[PDB]
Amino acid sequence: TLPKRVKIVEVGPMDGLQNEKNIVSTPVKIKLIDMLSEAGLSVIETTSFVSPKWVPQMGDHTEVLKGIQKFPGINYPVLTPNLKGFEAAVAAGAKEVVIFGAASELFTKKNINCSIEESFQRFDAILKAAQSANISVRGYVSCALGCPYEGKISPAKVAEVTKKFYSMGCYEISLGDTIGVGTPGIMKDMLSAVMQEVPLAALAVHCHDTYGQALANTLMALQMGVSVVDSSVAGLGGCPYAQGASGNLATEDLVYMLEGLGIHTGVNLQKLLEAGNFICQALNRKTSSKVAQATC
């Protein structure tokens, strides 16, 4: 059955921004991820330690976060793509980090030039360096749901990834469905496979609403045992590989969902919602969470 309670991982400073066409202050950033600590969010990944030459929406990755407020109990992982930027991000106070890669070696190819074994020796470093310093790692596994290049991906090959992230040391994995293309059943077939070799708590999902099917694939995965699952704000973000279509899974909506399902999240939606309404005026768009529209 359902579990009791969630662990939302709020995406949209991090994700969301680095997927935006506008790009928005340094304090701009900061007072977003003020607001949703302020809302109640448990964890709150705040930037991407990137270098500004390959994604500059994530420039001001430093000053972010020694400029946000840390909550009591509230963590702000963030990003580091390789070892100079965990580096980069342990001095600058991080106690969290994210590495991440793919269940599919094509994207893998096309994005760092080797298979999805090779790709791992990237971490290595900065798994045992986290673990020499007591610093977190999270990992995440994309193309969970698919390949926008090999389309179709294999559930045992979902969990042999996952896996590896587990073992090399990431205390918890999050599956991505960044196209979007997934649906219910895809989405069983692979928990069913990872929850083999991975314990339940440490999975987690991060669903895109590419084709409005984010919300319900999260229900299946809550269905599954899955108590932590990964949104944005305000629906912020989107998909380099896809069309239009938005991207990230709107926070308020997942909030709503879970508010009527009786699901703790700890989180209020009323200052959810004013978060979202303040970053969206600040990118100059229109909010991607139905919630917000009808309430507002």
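Under this definition, the rigid core comprises the largest set of C-alpha atoms superposing within 1.5 Å between the forms. Residue numbers count along the first chain shown, from 1. Compared with the form deposited in another entry:
The residue that stands out in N111, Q223, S192, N82 is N111, the single one whose Cα moves by 2 angstroms or more between the two forms on a rigid core fit. Comparing the forms between the two forms on their rigid core, the Cα displacement of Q270 stays under 2 Å. Annotation for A242: C-alpha shift of 2 angstroms or more between the two forms, rigid core superposed.
Switch from the form deposited in one PDB entry to the form deposited in another entry and print that structure.
Only a single chain is listed, so you will not see partners or other molecules.
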């Protein structure tokens, strides 16, 4: 049951850059996002409102959100790891925020020292204010296809966390294969359990290509009815738990497949590539997009 249209959620400026060695100037970030708007993306994760102490690449969050062109119809969600960060996002003009959890206790104890139920106490406070402030919230679940610490993750657990997020108010939850270890059957089992508890349209998948399974895992999710998928431009954002291995699924390669499938994205591939090439040069790296390599 392939969807007729898919909403590609671009994470290059946030997830992509957050996971890059060399940092980039604020003006380069704004230009990247503007170019992405130019290419037609309907949603571009813009930045993260979190201390520069924890993640310095996102330190310019306030001015980035303020300086980017706000194209009609385009969404620019931002990450808000804690009540204060959310507080700052609203002030900076954010119309949508993003909270992130995980289906793994260990991974939670490493990423935020707290427990899983505890991280939900934190999230409840944000969703609450978010609801008063009239701010839509998107959830994110890490280790949905496996954890670097705990290893195998259960479809029931992923379904449980996704369920929690959805009932607290999240309008859409993105399931992420952070270490990119998932294969098709794993994806199908996970999505299948989740789909019992949470309606299909509120689901999204974020697959890493560390082991070259991102597009394949994405295809499987699409065949299961999922209509929103996350990706980063030139495949930006490597993996912390791997060597010099690739990171996110390259958005250009994803649009290529979707267009091949005759599936609507609304993205202009030629402009998408310009954006990809613009940032790779600024970063002084090589695009991870195959489409980009075969194209020029």
